Amino acid sequence: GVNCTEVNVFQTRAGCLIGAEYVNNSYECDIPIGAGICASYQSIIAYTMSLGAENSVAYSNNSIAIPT
Amino acid sequence: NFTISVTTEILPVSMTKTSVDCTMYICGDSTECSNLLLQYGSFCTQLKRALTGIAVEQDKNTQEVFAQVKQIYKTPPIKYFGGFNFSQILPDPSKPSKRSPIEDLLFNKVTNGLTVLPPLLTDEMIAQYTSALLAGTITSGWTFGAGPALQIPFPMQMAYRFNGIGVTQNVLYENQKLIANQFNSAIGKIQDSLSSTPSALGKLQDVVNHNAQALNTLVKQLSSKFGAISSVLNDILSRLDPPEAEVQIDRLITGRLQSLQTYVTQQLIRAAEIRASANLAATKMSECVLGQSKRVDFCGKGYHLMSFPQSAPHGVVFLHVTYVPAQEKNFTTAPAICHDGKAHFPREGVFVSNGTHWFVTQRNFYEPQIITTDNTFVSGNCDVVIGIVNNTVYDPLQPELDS
Amino acid sequence: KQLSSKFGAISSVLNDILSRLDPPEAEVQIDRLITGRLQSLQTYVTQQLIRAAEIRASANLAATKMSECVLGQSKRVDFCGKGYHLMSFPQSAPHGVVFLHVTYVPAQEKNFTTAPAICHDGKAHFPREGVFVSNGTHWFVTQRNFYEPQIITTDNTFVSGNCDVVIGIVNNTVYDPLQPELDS
Ligand SMILES: *[C@@H]1O[C@H](CO)[C@@H](O[C@@H]2O[C@H](CO)[C@@H](O)[C@H](O)[C@H]2NC(C)=O)[C@H](O)[C@H]1NC(C)=O
Ligand SMILES: *[C@@H]1O[C@H](CO)[C@@H](O[C@@H]2O[C@H](CO)[C@@H](O)[C@H](O)[C@H]2NC(C)=O)[C@H](O)[C@H]1NC(C)=O
Ligand SMILES: *[C@@H]1O[C@H](CO)[C@@H](O[C@@H]2O[C@H](CO)[C@@H](O)[C@H](O)[C@H]2NC(C)=O)[C@H](O)[C@H]1NC(C)=O
Ligand SMILES: *[C@@H]1O[C@H](CO)[C@@H](O[C@@H]2O[C@H](CO)[C@@H](O)[C@H](O)[C@H]2NC(C)=O)[C@H](O)[C@H]1NC(C)=O
Ligand SMILES: *[C@@H]1O[C@H](CO)[C@@H](O[C@@H]2O[C@H](CO)[C@@H](O)[C@H](O)[C@H]2NC(C)=O)[C@H](O)[C@H]1NC(C)=O
Ligand SMILES: *[C@@H]1O[C@H](CO)[C@@H](O)[C@H](O)[C@H]1NC(C)=O
Ligand SMILES: *[C@@H]1O[C@H](CO)[C@@H](O)[C@H](O)[C@H]1NC(C)=O
Ligand SMILES: *[C@@H]1O[C@H](CO)[C@@H](O)[C@H](O)[C@H]1NC(C)=O
Ligand SMILES: *[C@@H]1O[C@H](CO)[C@@H](O)[C@H](O)[C@H]1NC(C)=O
Ligand SMILES: *[C@@H]1O[C@H](CO)[C@@H](O)[C@H](O)[C@H]1NC(C)=O
Ligand SMILES: *[C@@H]1O[C@H](CO)[C@@H](O)[C@H](O)[C@H]1NC(C)=O
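Chains as they are written, first to last, in the deposited numbering: chain A, 614 to 620, 641 to 675, 691 to 716; chain B, 717 to 827, 856 to 1147; chain C, 964 to 1147.
It cannot be assumed that every hint is accurate.
[To be verified] Think about it this way: if two alpha-carbon atoms lie no more than 27 Å apart in a straight line, the pair counts; the simulated DSSO-like pairs of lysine-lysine are:
(1) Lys1073/C x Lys795/B
(2) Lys1038/C x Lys786/B
(3) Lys964/C x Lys786/B
(4) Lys1073/C x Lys1045/C
Hint data in this document are derived by calculation from the structure and do not stem from the laboratory.
Whenever a hint applies, use it, and build me the whole structure from the sequences.
If you want it as structure tokens, here you go:
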């Protein structure tokens, strides 16, 4: 809740996290934090909510697939 | 003749999370509270545990209601859907928040010792969930949640749904442009109704107003005297004797613990009601979006084809597409027909006739056909049924095998 | 634990606190302790009541799933397990149940070509329960899953009007049964 001008330091929406370094990568959420922020240990890092992977199937006028 | 109409069904999902600690709520920075509150045991620790559990289960419920797929599906770059125009449903990249105009209008229409915890999943992730689910149900048919995704064209999956509801699919092809135009007109009409009528979204506004009224009543109820000498917490700490201040503040914190307890019970009952409503919404999600339902009066008023999942603030909004028949006409029916002393029963429908000419038809649509042998079966004779009529039955190939 | 709480009194004991205090103040102290313990019991029974309501709702859902997923088969999607549902194996558990759902998970799909209808002999052809699936110059039909090619005949298809309004329609040659046995 509180802002972090007063009291390594990364600004988020649910406050700020002290003692961890933010990364721009995408991983699976392990510790739920809030506002899409997730933390995992591998020291400790913080990252946004990565929703698995993106896989859009092709669509056309005439295309059908049946499992075998 | 049949028409296509769309309705709305709004169910709450999640309220606003609250966090309360006992000591700062009952008083501000007093050691007397520290040495007196522990004499009541761990009463306020139980309340903190209950609120943390409610927040955890609310986050889990919010994760469970929407994230029901293992992958995120992006929309194809071609908007051709067999003559069907879906413009205000799919999100438009001309908005920084990546929202369709319908939920934009819905969000525009829908309006110290406390902490307001933000939700675990933000509105951007909810919009991404709804966009991915809409893409998965528009390009992968009604069979994609059982495992790896597939792809089926939109008229073919509509024909599959029409086969599954109990009518022939050919009536989809004879009025495909009419069906698309009626769907576009219904979407525009429901968009105008949502943008105009302000009473259609009463449930979310009611639950948010209930939570805000509970918080405001708690805030106004905290600053009461409760029969004590002083109302301000630190005024009695400097006006009354510290040996003599073991009664008034004790009664004050006892009454405040009573108020916090009844607020916790009210919040728990409201959370149970919201949990039941969200379980019902998750049942609707599993039954009407992932596949087509066959039970009646569950999604829309009439026979249900498929539904549109969309994002709503502190809830979910539904677009249920139904099947409303029209143009009623009187006709004569018969239990069976008898030919050459043998009774013939319809294969899947019923006999229909206007005058002296009998025809067969499907379940809930009028398509007259010549009574043949391949679409009927013979069981017994025409002497046990009541009120049978007489008509001839043509025989397939019978004049074709004479050569 | 709340039994040993002082609740603002001198001591949490009962027999010892009677001897050390005179009755005009011992009555007030005992009344305060009894009211505090009754409030704690009220909190406990309220928590037990809401927990019992939640467990009753969960048990009603479990009884419904007993009545539906175990007894017979239901055709609904991902209610009894994940994906399509074949059977359910309920097993015993202390104060709970554990579920074993035999599920149908199709996989290893292959790309194919289709058609909305067949325009043969001036009339439109529609499948009964299958769909026209093709890979090249040949044409076949199959079910929803476990792709199996079959020759398009007149018994698995029907006719409804002519072939002029269906968009994307393609010409095809259909084999008719009883054609080789015509003069004999
Ligand atoms: C079934 O109802 C639809 C809806 O009214 C009819 O479509 C209308 O048809 C008239 C004349 O054919 C047109 O002037 C309208 O513009 C159509 N409406 C729309 C929204 O396009 C349809 O004709 C009816 N079919 C039958 C067989 O009665
Ligand atoms: C699908 O419907 C929408 C809305 O009816 C169409 O959007 C309109 O497009 C015209 C042409 O530029 C504009 O003048 C209107 O203002 C638009 N209406 C809106 C944005 O509400 C859209 O063109 C249709 N698409 C297709 C393929 O028919
Ligand atoms: C009931 O509807 C049927 C279907 O149109 C009518 O049958 C037609 O009758 C005329 C005159 O005998 C024939 O030329 C047509 O070939 C018939 N059509 C079919 C599809 O069989 C029938 O006449 C109608 N009955 C009444 C009393 O109007
Ligand atoms: C339908 O056909 C049956 C068989 O041809 C009719 O039954 C006979 O009808 C004649 C006169 O209509 C009677 O003399 C016979 O005694 C009847 N036989 C039996 C076994 O019932 C029947 O009447 C016809 N029904 C209609 C409505 O025409
Ligand atoms: C489409 O699939 C069919 C079915 O397997 C293929 O037909 C086979 O072709 C091979 C190659 O000569 C023959 O040995 C088989 O006997 C054929 N089977 C049947 C049932 O006809 C066909 O070749 C495939 N077409 C393409 C373009 O791949
Ligand atoms: C915190 O303070 C910084 C600078 O003082 C400001 O840019 C930021 O918006 C503030 N955040 C909040 C949540 O108040
Ligand atoms: C990485 O994330 C930071 C936010 O901390 C952002 O300012 C920066 O632009 C990002 N860089 C890239 C390459 O995305
Ligand atoms: C589908 O066909 C139309 C013309 O009938 C064409 O404009 C469109 O590009 C086609 N879509 C494809 C090939 O994906
Ligand atoms: C069917 O018959 C009833 C009874 O006379 C009548 O009230 C009704 O209007 C008729 N409907 C049509 C479509 O003719
Ligand atoms: C079918 O073709 C599309 C388009 O190239 C491709 O993305 C997809 O992987 C193909 N499916 C299979 C099973 O190879
Ligand atoms: C083949 O199809 C085209 C268009 O689909 C049509 O114009 C033509 O008449 C068809 N020819 C035959 C022999 O069916």
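Comparing the hints with the structure gives:
{"no.": "1", "hint": "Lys1073/C x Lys795/B", "result": "holds, 24 Å"}
{"no.": "2", "hint": "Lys1038/C x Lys786/B", "result": "holds, 22 Å"}
{"no.": "3", "hint": "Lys964/C x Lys786/B", "result": "violated, 46 Å"}
{"no.": "4", "hint": "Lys1073/C x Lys1045/C", "result": "holds, 23 Å"}
In summary, the structure is inconsistent with hint 3 from the numbered list given earlier, while agreeing with all the others.
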